[PDB]
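J.: These are the residues of each chain, in order.
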Amino acid sequence: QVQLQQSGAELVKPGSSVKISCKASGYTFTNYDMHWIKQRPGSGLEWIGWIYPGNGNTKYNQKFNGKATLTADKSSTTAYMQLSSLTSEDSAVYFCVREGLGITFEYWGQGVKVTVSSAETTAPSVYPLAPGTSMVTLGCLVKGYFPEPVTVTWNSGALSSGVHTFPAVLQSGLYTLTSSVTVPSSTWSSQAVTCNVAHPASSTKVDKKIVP
Amino acid sequence: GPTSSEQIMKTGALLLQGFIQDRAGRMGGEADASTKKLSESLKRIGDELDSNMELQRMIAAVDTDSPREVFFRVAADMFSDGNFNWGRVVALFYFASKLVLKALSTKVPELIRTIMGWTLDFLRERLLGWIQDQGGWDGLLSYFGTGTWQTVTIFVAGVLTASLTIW
Amino acid sequence: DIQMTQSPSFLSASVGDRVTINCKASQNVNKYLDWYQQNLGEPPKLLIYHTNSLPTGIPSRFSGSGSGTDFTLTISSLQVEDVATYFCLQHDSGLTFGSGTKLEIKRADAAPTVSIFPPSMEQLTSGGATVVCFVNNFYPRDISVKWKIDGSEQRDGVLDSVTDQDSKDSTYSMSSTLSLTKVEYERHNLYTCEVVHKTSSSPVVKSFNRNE
Ligand SMILES: [Zn+2]
Numbered sequence: 001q002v003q004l005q006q007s008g009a010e011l012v013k014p015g016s017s018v019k020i021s022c023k024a025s026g027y028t029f030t031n032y033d034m035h036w037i038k039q040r041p042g043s044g045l046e047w048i049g050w051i052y053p054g055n056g057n058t059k060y061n062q063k064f065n066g067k068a069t070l071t072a073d074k075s076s077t078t079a080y081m082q083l084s085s086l087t088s089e090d091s092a093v094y095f096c097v098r099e100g101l102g103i104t105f106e107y108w109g110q111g112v113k114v115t116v117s118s119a120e121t122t123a124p125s126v127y128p129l130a131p132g133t134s135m136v137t138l139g140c141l142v143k144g145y146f147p148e149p150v151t152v153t154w155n156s157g158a159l160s161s162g163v164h165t166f167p168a169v170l171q172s173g174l175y176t177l178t179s180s181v182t183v184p185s186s187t188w189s190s191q192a193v194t195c196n197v198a199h200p201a202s203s204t205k206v207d208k209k210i211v212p
Numbered sequence: 213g214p215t216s217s218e219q220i221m222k223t224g225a226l227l228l229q230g231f232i233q234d235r236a237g238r239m240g241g242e243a244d245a246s247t248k249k250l251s252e253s254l255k256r257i258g259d260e261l262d263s264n265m266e267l268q269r270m271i272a273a274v275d276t277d278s279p280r281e282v283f284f285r286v287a288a289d290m291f292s293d294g295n296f297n298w299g300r301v302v303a304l305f306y307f308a309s310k311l312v313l314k315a316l317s318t319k320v321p322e323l324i325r326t327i328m329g330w331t332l333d334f335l336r337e338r339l340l341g342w343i344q345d346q347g348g349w350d351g352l353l354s355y356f357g358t359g360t361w362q363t364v365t366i367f368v369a370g371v372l373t374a375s376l377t378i379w
Numbered sequence: 380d381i382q383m384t385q386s387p388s389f390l391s392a393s394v395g396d397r398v399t400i401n402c403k404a405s406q407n408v409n410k411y412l413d414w415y416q417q418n419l420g421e422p423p424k425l426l427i428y429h430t431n432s433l434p435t436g437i438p439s440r441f442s443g444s445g446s447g448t449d450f451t452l453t454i455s456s457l458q459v460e461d462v463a464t465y466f467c468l469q470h471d472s473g474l475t476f477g478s479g480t481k482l483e484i485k486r487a488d489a490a491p492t493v494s495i496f497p498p499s500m501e502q503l504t505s506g507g508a509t510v511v512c513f514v515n516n517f518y519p520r521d522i523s524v525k526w527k528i529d530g531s532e533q534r535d536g537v538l539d540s541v542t543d544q545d546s547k548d549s550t551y552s553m554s555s556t557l558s559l560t561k562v563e564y565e566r567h568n569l570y571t572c573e574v575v576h577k578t579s580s581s582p583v584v585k586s587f588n589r590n591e
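Residue numbers (my numbering), protein chains in the order written: chain A, 1 to 212; chain B, 213 to 379; chain C, 380 to 591.
The hints are simulated quantities; they were obtained by calculation from the structure and are not laboratory data. All residues carry an ideal CB built from backbone N, CA and C; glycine is no exception.
Example chain C residues on the side facing chain B (calculated, C-beta under 7 Å, incomplete): (1) 470; (2) 472; (3) 473; (4) 474.
Could you build the full structure based on these sequences and the hints that come with them?
T.: Spelled out as structure tokens, the structure:
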């Protein structure tokens with residue numbers, strides 16, 4: 001099998017650079033063009049460019065000229081993309097993809113999520129969401145953290161069925177998400193309900209019991 | 213005329229560009245009629261040669277650390293005996309394109325003009341008289357009608373086999 | 380560059396339906412048009428290349444057709460694993476991806492469970508105020524959540540987040556937050572979360588009073 005293993009996720013300050021690697025295996029590296037693709041909400045999928053490892057030839061999208069620089073090393077069967085002058089508009093998932101022979105984008109890398117922000121690591125504030133006024137909905141608010149992700153559980157995983165954790169929203173360079181859970185009225189009064197919020201970036205793990 | 217050195221050297225450079233690839237794929241693209249039948253027949257034979265794995269294994273085993281020395285050593289070996297034929301000319305074009313695909317350069321767009329220049333240089337110094345004896349580049353076109361695509365492929369591959377097995 | 384217009388952006392279907400997706404090119408791109416399938420958190424997957432060719436491993440129920448400018452991907456009988464987003468890609472002159480088509484599964488209507496939560500006591504001590512409204516387990520997807528303050532429409536500071544379609548019951552859930560300064564939050568009493576949905580003839584309303 002053809003395999004395309006990409007490097008790890010990136011968190012870069014604005015104005016800097018980052019070099020993403022694409023490790024190829026399972027075939028003759030110098031017999032296929034290798035492309036790079038950017039995926040981002042709004043912009044969608046955009047073609048960045050390709051490189052032919054056989055001789056180092058490259059072609060670039062006009063919109064990415066200067067932004068991206070495609071390289072490859074024959075002896076390591078690895079492809080590199082260097083992204084320059086990073087801005088918030090470059091926060092995206094980047095794929096390497098192999099162009100086949102008589103066939104197109106058949107094998108892909110898993111993607112490398114690049115996050116460009118000037119925000120510093122911020123542990124979240126975990127607030128309980130309680131009924132302010134026969135099934136009861138509770139929740140908790142994870143506000144103003146950086147960077148993603150957090151891990152939200154309820155009773156350390158004892159509650160799962162009626163749990164909804166929503167995608168974070170980015171306002172003023174800080175993330176915020178919510179998580180809700182629905183339990184019986186009898187469970188609400190008899191047993192304890194606690195949302196556990198973990199933020200590994202700040203090495204933070206908080207438990208918050210939902211009191212009336 | 214078709215046998216003038218200006219025209220022979222003109223049609224030949226148009227053939228090299230249409231035949232020599234600088235990549236493995238084609239996605240995104242790159243953006244006379246008797247000349248068109250030649251450009252296409254060269255492509256058909258190129259893919260037929262490309263699908264002869266005996267030939268490819270021996271092509272991949274060729275040293276390219278010095279691309280210039282390798283090209284002129286191999287081209288000269290193909291035409292040293294003085295008995296030119298069109299299959300050898302096809303084998304010259306093919307070997308030129310394989311060099312382009314296997315020799316690195318920070319400005320590959322220059323290495324391609326450079327390798328194209330080597331082929332036209334060799335063509336002018338060594339083959340130009342024989343090509344006009346053949347009525348011009350029409351000799352190659354009429355040569356593709358004297359046999360099927362396998363007759364030409366097997367022969368051209370044998371020319372490459374003999375010249376890559378010693379140099 | 381060549382522009383690709385994909386339609387529709389959203390497609391509701393049932394298992395066993397014949398489904399059609401359309402892609403239009405601003406310029407003739409000949410046969411060099413592919414279709415890709417993408418599921419959540421995964422790279423795209425080649426479904427159809429060169430207008431109508433099936434990569435090995437792709438089920439025969441997928442087929443494609445085109446003209447040079449107008450192209451169509453068809454699923455002859457929709458199955459569950461075909462619930463994904465779909466993209467077209469021209470690679471004739473440059474490379475351009477379509478904006479995408481999201482394919483969801485149909486089910487009976489489900490009225491949402493709406494719950495509203497005032498700013499927590501602990502957040503008010505932090506100097507901020509965030510009101511939260513959960514709109515869980517609704518279908519269809521078309522929905523509108525509005526905020527009213529003292530019986531009056533509020534647009535400033537609202538942010539919404541929607542889950543992907545649930546694999547177990549085909550519903551959607553949604554979280555809405557209203558961001559306010561604590562000072563502004565304490566200038567008002569009646570806070571209302573209002574949900575417009577197919578399942579009710581008039582908007583669903585859940586409210587609370589800051590004065591309990
Ligand atoms: Zn006010």
